[PDB]
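The chain that follows stands alone, in the form deposited in one PDB entry, written as structure tokens.
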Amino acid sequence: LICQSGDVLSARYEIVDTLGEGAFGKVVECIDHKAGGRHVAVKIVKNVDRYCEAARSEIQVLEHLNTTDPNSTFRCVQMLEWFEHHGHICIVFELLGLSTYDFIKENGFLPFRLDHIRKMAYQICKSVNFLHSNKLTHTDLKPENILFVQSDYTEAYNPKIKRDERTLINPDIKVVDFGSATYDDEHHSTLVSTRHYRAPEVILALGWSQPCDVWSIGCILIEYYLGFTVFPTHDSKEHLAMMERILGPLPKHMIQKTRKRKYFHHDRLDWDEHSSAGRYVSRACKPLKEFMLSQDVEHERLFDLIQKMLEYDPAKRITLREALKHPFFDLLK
């Protein structure tokens, strides 16, 4: 399929733009003429072994969540319809704006303002708690999978970076991409999450469930506050070293129980802090509170919540039901 602007799918959907393209296929914006001209997003997924399972799985999850919550009141993306189409699976969603990643990137990796982080954090927690209440774990939370509802924006010239800068009119979000979401009673893949957002119990192959999402959210929130990913590595041992730099030592029981022995020596990470890699980690990462940009109470409150989300032991990690009551959110209520 070429999906030029102007092409039509299933009579009702007129393509107006391609929003993005990947190896899986593409995401297009369409006018849905059947529904009165509403614009929608259509994920057009190649119906081949490499991509089909995630498409079919997302469709099942979202059909369930749509039955449970037909008006989409918990900040989860609303799938409107799905269909078979000439060797592709097309999944039609409400149209959303750019991802939170996209926004930060287009703004030169400047971080979000704390007031917007508070609102976005609450909405992410509310959405994922809804999944947790329904025996689901998302497993792939990251900024790319949190989309702004609207991209409309105001623009001031910012003299400190010597250019115009956009501020969103509305920081409301939806959580997207339910292709990895897993029910409690379903097969759990050994490896889940995008590497930078992956919980320690996943890395150590200790078993995972809902708490691994809370770890990912902690990772997201600190990235919103700083503008950069806090664990920038593809190496598991280095990732654990970065964790230890930011958060202190791993709990001994987790190190003792893991079968991933290659990471450890005498039940400590097998890591030379003064090697070239160790020197890099020491400069790339710092103890969590040193990342704070202010000592204002509200910054302290955010960092308290982040620390609770980045608890190593998933049995001790804050739940999203508890997170929604955290004092950081008082200013919203």
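Residue numbers count along the first chain shown, from 1. Think of the rigid core as the biggest set of C-alphas that the two forms share within 1.5 Å after superposition. What changes on going to the form deposited in another entry:
- Residue 312: CA moves less than 2 Å between the two forms after rigid-core fitting.
- The Cα position of residue 46 differs by 2 Å or more between the two forms after fitting on the rigid core.
- With a cut-off of 2 Å and the rigid core superposed, residue 253 has a Cα displacement that falls short of the cut-off between the two forms.
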Given for the second form:
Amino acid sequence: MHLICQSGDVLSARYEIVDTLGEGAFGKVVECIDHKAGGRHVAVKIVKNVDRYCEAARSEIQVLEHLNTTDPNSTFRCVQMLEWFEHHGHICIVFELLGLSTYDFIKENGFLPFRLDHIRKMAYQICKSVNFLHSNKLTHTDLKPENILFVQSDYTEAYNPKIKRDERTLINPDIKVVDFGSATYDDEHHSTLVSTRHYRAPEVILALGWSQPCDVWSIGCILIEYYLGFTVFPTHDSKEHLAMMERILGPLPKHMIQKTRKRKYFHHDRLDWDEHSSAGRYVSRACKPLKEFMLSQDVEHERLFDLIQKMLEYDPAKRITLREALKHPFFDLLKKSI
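Now the other one: the form deposited in another entry, given that the block above is the form deposited in one PDB entry.
Next up is only this chain, free of partner chains and other molecules.
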């Protein structure tokens, strides 16, 4: 796909490529000048010409047509799709241009976490956006910091002596949600596997059936990452991930081990887990109870951790909904009267 385009090329007789914004297994996103919209800069996702990504792209176009007509002012912060077309047999989707992902920001900030005031604002907007999907019988299923994009990524920089780090701070942390190629309607077939290892809910790993609550799980994991700069589940292995969940959040509920067909993770009613193995020693060093990750015992940190704990409830029915999350005390500060 280096083959099919480059800087200076004009796509669909109107979109002049001026930059490549990023690349992925999924394809790439380029920045274009739209010569038929007064020179508006747009993002064009150019989809890898592979069955999986083609199918996801057609699905994304259908979901965004739905969300974007349902919410034409983008009150709920889903990215606006402008149109789509084909280029050398690749699907190309045109979006309003957004800045870099929250992942890429953290990376470019030397994996320093966001300060709590920005986490509060971003968390509220993510919950509100993803709650709009949940209001429209949709589950995103692949939420991650890479899929949350800043509207504008201008920042200030200052030495912080506390951590002896130069630190970037966004001027405006407003976000939009992207990547609707895995989004699943309530009445559609639910894939066995959904989500990216570090954000997968326990009911997904244990194949107990998933729906909107698996997005809540993902968002709790995203907020921990925002807070720390790193995932608290640093693994790609499902069984190790369960072992990390057990160290950070406590024992899996007996009713989830009882029901699961994923007997390969278990020995009787316990995780089939050797604490003394390489992976066992890594899990014991790397993981600890959730509240031990708090950087401050200040009440605003307790409030965030209270919300994260509710989002990381194992039972997906008990798990806080995003409608309830938007009412959580952590967001009181956002509701202080002007």
